[PDB]
Structures are given as C-alpha cells and as structure tokens.
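Only one chain is shown below, in structure tokens, and it's the form solved without the named molecule.
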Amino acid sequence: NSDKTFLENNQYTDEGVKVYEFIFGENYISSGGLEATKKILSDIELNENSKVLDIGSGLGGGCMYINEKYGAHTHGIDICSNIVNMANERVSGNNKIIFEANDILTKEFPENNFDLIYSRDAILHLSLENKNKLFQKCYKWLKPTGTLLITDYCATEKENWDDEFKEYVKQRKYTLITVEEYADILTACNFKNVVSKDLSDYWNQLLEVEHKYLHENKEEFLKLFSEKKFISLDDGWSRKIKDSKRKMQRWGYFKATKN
C-alpha cells in the first residue's frame, strides 16, 4: 500500500536525482529551479514566526529559499528516504529547517498549524482518491489565516491523450488531471478564494531554458553520467516542450485560503 519502493528504485534513485539536479539547478528537482521559485513566491508574505509545510520537499531548495527570504520555520516531508538524506546533507546549523522522510498521506500534524502549505510538482504522484484525501488534510492543517500554494503537473482531458503521452504517464505512474478538475477538488474541500492559473506558456519557457542549458553543457553532463542518460533527458524535455506548447501536458498553479 505504498509507492515508496517504486519511487526510490526507479525515478528517484540517487543518480536519477542527480541528473534532475543537473538540469533544474542546485538543490532543485523540479521545474524552473531557483528562478521559478522566486516568481511563485513573489506575492507571498511570511515572517520569522511563520510555520510552513513543504509537501514533497525533494533536495530542499524550496525550504532553503523560504527560510532565507522570510526567516520562517520550514518543515519538508518527502517519501523518498535517499532524497531526504541528501537534503539533510545540504543544510547545517539551522534549527528552523526540518526534512523528514514520510508518506504525506500517513503523516499527522496538528489542526490549524501552518501559515503556508506549499507543494511543487509532487502531487502528480498521488491517485485521484489520494489527491482529495491530501487536500482534506491540508485544509485541516492550515491555520484559519493560512494559505495553500501549489504547482503541479496537469494535462488535457484523458480522452485526448496521444500514444506517447499515455506511455509517459503510465511508465511514471502519474495521475494527471486537468487544471480545472484540480481547482474543483480544492473547492470541494472547502478552500476559499481558489485561484488557478494555467501556466503552461511559462512552463514552456522554463523548459526551453533548461533544454538550452543541457545542450550547452553536454560535455560536462557526459563527465558525470552517460550518453544514454543524456539522450533520455534530452528526448524527455523535447516532448515536454512539444506537449506544453499544444497544452496536452499543462502546468497548473493553485492558491487558496482556509477562510
């Protein structure tokens, strides 16, 4: 009843994680790395007394940035123990950053605890039933004055997927839904002021920067990895660029409040 072994042994092996970090940037394994993070948080207000939860915290770049910018207490949860071990090696002497290995679906936190619950491209791993269960937990865990802030991989309606896109989703065991279905889940969970944005155009821009970087730094990549891994990454980004342009694969942004 867990995907922990599946994730640790395939997509998020140590080397898999290091390949992602090469292309996304130091401390990041998701879209746009540091630059997208600055943008996503540009209108967010927190301070040194704030409490933040990062769901699917990865190598911890997001927690590092939120703590640096605001001085906030940050608690990241990630199901992959090897990734959490790597995250903890990236931070020292800071008792306001915590990284914990756990399945968010089984983790308990106090009701009315967090000023911000933040997640970047992680919830795509959860089944539709579990997305709904997670957002019910998030609603409970947010302070009355708290905010939910998410980016996640979305898609056009499943009926519209082509062969290559179906294979991509199946191989990774992603559950991708439309930006609109996702927003409706938040509304159903009683979140208020639900804002969704289809950021597929911006995502396409981020992908192009990354793809260019990969090509310009191929020699360095090959010193670290193998040509086989290069080709896989290169082809993967090419498909994401193509599919984001036509909105077959989409990038969703969601912000909501508890009250």
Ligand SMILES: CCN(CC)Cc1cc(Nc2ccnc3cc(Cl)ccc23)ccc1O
The other form holds:
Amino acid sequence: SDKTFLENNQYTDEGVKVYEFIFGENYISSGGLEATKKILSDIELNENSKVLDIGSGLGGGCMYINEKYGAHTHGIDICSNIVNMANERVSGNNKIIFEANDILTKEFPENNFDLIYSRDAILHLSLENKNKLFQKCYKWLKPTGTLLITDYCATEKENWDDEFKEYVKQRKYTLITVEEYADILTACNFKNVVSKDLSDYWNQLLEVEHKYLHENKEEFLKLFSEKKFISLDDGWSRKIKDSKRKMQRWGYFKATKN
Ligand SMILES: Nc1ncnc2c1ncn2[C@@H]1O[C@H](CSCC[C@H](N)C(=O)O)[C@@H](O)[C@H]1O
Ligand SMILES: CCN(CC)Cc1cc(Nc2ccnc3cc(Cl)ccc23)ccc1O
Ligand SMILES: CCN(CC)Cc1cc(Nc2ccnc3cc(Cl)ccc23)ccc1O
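Having seen the form solved without the named molecule, I'd like the form solved in complex with the named molecule now, please.
Now the full complex is given, and it begins with the chain already shown.
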C-alpha cells in the first residue's frame, strides 16, 4: 500500500529526525509534548486502562499517556522503520508496545480499549478507508470508552490553490472539512461527537516551531543539510500562511460509544 511510499518519502529516518528536531524528542506532529498535554488535559485513565494509539509514530504520545496515567498503551504504525525507532525507546517498559501494521488490516477484539487516540495520521487514509477505520474503532472501544483525535482538515476543494492541491497530491493526503469529518463519526454510530476547528491554536504552534527553527539553525545544520533546512522552513511558512487564510485546518474530535 502506501507503506513503501511513506517509508521512502515523508517518513524517512532523516525526515523523522528532522521532525523530532522541531516538535521535540519522540514526536513527529504538531506541538509535540506541549500540545499533547493540552489534548489529554480532560482525559481520565488509570493504571489498568487500555489505550490504542493509531499511527503512533516515534511513540511520544504512548510514553506520555503511560507516564501520566500508568495505562497500557498499544501503538500501531504502518512504517516499520519508525516502529523500530520507537521500540528502542520503550524496551524497559512492558506497558508500552508498538507494532508495525496497517491499522486497516489490524484486527482487535470488541470492547477492548478505554481510549482510542490518534494524532495527525488519519489524513493519510482515503475517504473510504476513514470510514472503515472508524467503524472498527467503534467496535474496539469499551462501552465506557472515548475516541480522541487530531487530524489535518481543509476548506472545500473549490477554495484550494494550485500549490495546496499539489502538496495534497504529492503527499497522497485525503483532506476533508471538520464538518464532513464529524459527519463520519456519527455515521459510524458514535455519540457525544464533539468537533472543533483548532486552526488558531495550530497556527500558534506552527509559529513557535518556525521561530525555534530559525533560532537554532546553527545546531540544525550541525545535524542536517541546508537543503533539509530550506525545505522545512518553506513548508512551515506555507502551513502558517494556509491556516491563516483558512485553507488548511486543524480538526479536533472527541466522542464516546454511549
Ligand atoms: N494506514 C495506517 N496505519 C497505521 N499507521 C499509519 C497509517 N497511515 C499512516 N500511518 C502513520 O501515521 C503517522 C503519522 S505522523 C504522527 C505520529 C504521532 N501520532 C505523533 O503525533 O507524533 C505516521 O507515523 C504514519 O506511519
Ligand atoms: C523542540 C520542541 N518544541 C518546539 C519549540 C515543542 C513545541 C512547543 C510549543 N510551545 C507551546 C505549545 C502549547 N502551548 C503553549 C503555550 C504557551 Cl503560553 C507557550 C508555548 C506553548 C509549540 C510547538 C512545539 O512544537
Ligand atoms: C516555483 C514554486 N514551486 C516550486 C515547484 C513551489 C511549490 C511548493 C509546494 N509545497 C507546499 C505547498 C503548500 N503547503 C505545503 C506544506 C508543506 Cl509542510 C510542505 C510543502 C507545501 C507545492 C507546489 C509548488 O509549486
């Protein structure tokens, strides 16, 4: 599937390390540890709780959830190179496992998890694939369970410019509106569906990251190339510009089963 594509483009080892430089250790998405603390601030779990992280990446989210709650965390990520990196950071901790697998082919028992959690990963999935995932997610949640998601969203396609279309095409993203996304969750039988466009906050995160990149660019070049620097600088500039003009949006979704 998109495995070899992702492993050999956006999520190369070098690419992942660059992301870590800007998001912080163990994170490859928006706001790293700080945003994660915010996203989980109203979430209640204990040591016996069971957590699924969809697209767990370098594992920072699972580590934080286990650190904060003592919960059992199980991360699934389709990139084997990323999974291997994550595994090497949690070798001592038996309540944190990662597994290399497409979440779509992954099989789980019904009523399994207290929390199903995903941060900026579901944008990789086609529209059809987003639907079957959430139906599988519904099954997997215990009756007392919560689904918790951040994901890239967008304005309708008639408002995309050429550059945004090209970015979405070459990254093989499928981006829908916050409303279209919320619609899928209700269609997949979830209750208490809560949707928020967090683009103002996302823009603040991107700004901190962008400033941080420039402030620490000497340390950056010590580890990476000037080519990788320009590319990253350029990409953040565009995400900042596009969230400002409401073209690219950051969706937050929180839902239950009953
Ligand atoms: N079909 C799929 N199944 C499982 N993981 C997938 C997937 N499609 C994309 N991914 C993964 O989703 C991750 C998105 S990047 C963000 C990773 C992590 N949630 C964090 O915030 O740091 C990537 O590591 C990618 O490999
Ligand atoms: C290298 C690791 N760093 C980047 C500077 C992580 C990181 C921190 C931030 N800072 C912040 C995140 C969330 N809330 C914040 C609130 C305030 Cl008043 C200040 C900084 C915040 C933003 C993005 C980001 O990626
Ligand atoms: C000459 C100008 N061209 C180069 C071919 C610039 C150009 C950049 C892009 N890259 C991008 C456009 C919008 N958002 C982006 C976000 C990120 Cl994280 C990275 C690249 C982006 C796409 C098409 C395009 O034509």
